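With chain B held as given, fit chain A with the ligands onto it using these hints.
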Amino acid sequence: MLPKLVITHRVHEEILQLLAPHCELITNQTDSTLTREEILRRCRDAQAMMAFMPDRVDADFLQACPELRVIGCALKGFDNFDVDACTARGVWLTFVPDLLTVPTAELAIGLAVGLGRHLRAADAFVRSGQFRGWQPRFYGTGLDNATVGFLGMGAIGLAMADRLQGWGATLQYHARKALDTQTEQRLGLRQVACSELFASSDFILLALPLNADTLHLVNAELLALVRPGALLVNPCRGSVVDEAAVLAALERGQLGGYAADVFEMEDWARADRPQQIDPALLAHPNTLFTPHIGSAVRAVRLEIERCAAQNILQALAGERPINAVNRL
Amino acid sequence: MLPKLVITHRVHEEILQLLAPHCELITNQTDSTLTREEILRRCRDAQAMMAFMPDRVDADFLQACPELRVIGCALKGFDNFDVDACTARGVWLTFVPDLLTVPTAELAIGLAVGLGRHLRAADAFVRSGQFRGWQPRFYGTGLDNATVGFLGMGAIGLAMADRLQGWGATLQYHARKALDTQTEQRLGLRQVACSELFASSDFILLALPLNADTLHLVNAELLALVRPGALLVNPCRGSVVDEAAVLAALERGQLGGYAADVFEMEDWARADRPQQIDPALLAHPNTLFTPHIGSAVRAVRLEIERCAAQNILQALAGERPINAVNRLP
Ligand SMILES: NC(=O)c1ccc[n+]([C@@H]2O[C@H](COP(=O)([O-])OP(=O)(O)OC[C@H]3O[C@@H](n4cnc5c(N)ncnc54)[C@H](OP(=O)(O)O)[C@@H]3O)[C@@H](O)[C@H]2O)c1
Ligand SMILES: NC(=O)c1ccc[n+]([C@@H]2O[C@H](COP(=O)([O-])OP(=O)(O)OC[C@H]3O[C@@H](n4cnc5c(N)ncnc54)[C@H](OP(=O)(O)O)[C@@H]3O)[C@@H](O)[C@H]2O)c1
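Line order of the protein sequences matches chains B and A. When we follow the authors' numbering, the leftmost residue of the first sequence carries the number 1, and every step to the right adds one. When we follow the authors' numbering, the leftmost residue of the second sequence carries the number 1, and every step to the right adds one.
Heads up, none of these hints are tricks.
A few chain B residues facing chain A, derived, Cβ under 10 Å:
no.: 1; residue: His118
no.: 2; residue: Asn145
no.: 3; residue: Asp162
no.: 4; residue: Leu164
no.: 5; residue: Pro291
no.: 6; residue: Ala296
no.: 7; residue: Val297
It is worth saying that the hints were derived from the structure and are not from the lab. Just so it is clear, CB atoms sit at the ideal spot from N, CA and C, and this is done for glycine as well.
Chain B extracted, bound-state conformation:
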């Protein structure tokens, strides 16, 4: 009787082969996301769960799954997992601290450039077959000589700052805690107040987790302070911004653009979670969107799955998992 491991989404064959000698595998080798009800059913007598972005684990889920020893998350932002409840029940919660960082930072910079330069409309125009040569059109905003503000300066904030080093921009950030002097000085980063960040940045790049303190942090009040025409890029979590306030800011022309890889409709732990992205936001010309593909780099996804798998195996062997989010 090997301990039962429920894997909620498809995994590489290499990962199944890695886990097989140690676990009874209850797998979902399809392209689909299963219902919460079905996931809960599978986990009833499970000793381990490998969880992904669409998964949500609350105190009630854990209570109904009394044999769970570890939830190994194949992600960085564990906002949909009740860590406190995991700890109270003696359940390890693990994440993937580094592997998602660089692919997400690359995408965020791609979105900043694409948004500033009208990539969406530009490509549509060429693809229409109507291109006849250069025109005095599609004039946009570049990074050279601009001020770029980072909200949050953890892994992704740092990775984005690294990647903007040759770009002729003035870099500033707001964080809860100051970056160490050497890193600040290396990256040419200046620490500013949150309001100052919004008032003086031409590009605003969000790099915050979603928690109680950051929920709707980017609200109407804060957006009212932005330089007219400022560009906002959200590769972190949807609910860090109030998308309705963002749309309003775009429509009044105070916000020059919004680019996002993440959306409020994805934040399952919210009882009042928006069920869709507002069609008016989707239709706005000053936007650029991606469907949570921040870590969707082909080579990286096997490594992410492997990280989660190794953490799960450590927990099942009675070790402290290397990437445990909590302490028991």
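Just chain A with the ligands now, with coordinates in the frame of chain B:
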């Protein structure tokens, strides 16, 4: 009697105000490109011309405009301007050496990320209203741990190299003349043969002017060498590549993607240029295109127009324009 200046495309009002005290202005303050016949009509008795990327000046053009003393180009690559004919006829030709470099480099890296990460299709999907959370589609290629190859290492090549410093890539390049060692070492650039560049790069970024030597340089022979899935980005000139060879390499799935800001159809000096981009190339999913917007940054275009205007004014005053491309008596 003031010298007549023909400005073929829309400029900022400030530039009109700068020029008006010294020139009779014949303007095109619309978003349209006028016909060559209309431009010739306007330029017949003009002393000056401010020219843009859609313009083409050949021997015949100059012959029809015997009073022209300066053509001030609001651009860097003057491949559609016969400089030899200008020089022979005593006409200054001026360009903009540096201002276009940085915004074009920014775009090219944007195109590299956009192409590698299926940004075009990803955005189309989200906007459909059918987004249902994290999903299995749109897995792509990143720059981290990838080999990035630059063909050419002039202003744009160097600007791109500068901008990729923190990206965790292995950078290599081919040029006719190598950079010095200190620069190569600081930027982590290794010089390789052209064939090796194409056989070993995950991303290939073009940074060449269009001339006799570079016309169709990126042809079937070179594309046949690439790693399955290699991504090609062209921010320089369309005709540096053979777009038919590119399409074929895409269709067989050897070339992973092609992103371009520039197209063979724009290269007016070529008598055998295509008149459009192949519909099949436009229809291919592994592509990302922009309509020659390399320097389309609002603040930069203003400074580009200012540069062309200043050069024109210098020439009309009887002095050598600071950014003259040619030398006269
Ligand atoms: N789009 C994607 O595919 C993708 C991929 C990976 C991650 N993400 C999301 O992006 C988030 C950030 O990722 P990361 O790897 O950079 O996480 P990280 O390394 O934990 O960095 C987050 C930073 O934000 C700071 N912070 C927290 N609350 C703050 C507040 N109220 N004001 C200012 N700063 C605050 C934290 O500082 P303290 O240490 O002081 O709390 C931390 O330094 C993740 O939590 C995840 O939700 C998205
Ligand atoms: N998309 C846009 O909007 C946009 C904007 C600006 C420029 N451009 C285009 O991009 C081109 C490059 O721009 P740039 O500013 O980098 O020009 P650049 O500073 O003149 O650099 C071009 C480099 O290519 C090299 N080269 C010339 N012929 C070559 C050959 N046959 N083989 C290998 N290398 C060769 C040159 O070196 P040598 O000294 O050895 O010849 C030079 O170092 C421009 O000419 C223009 O056509 C496009």
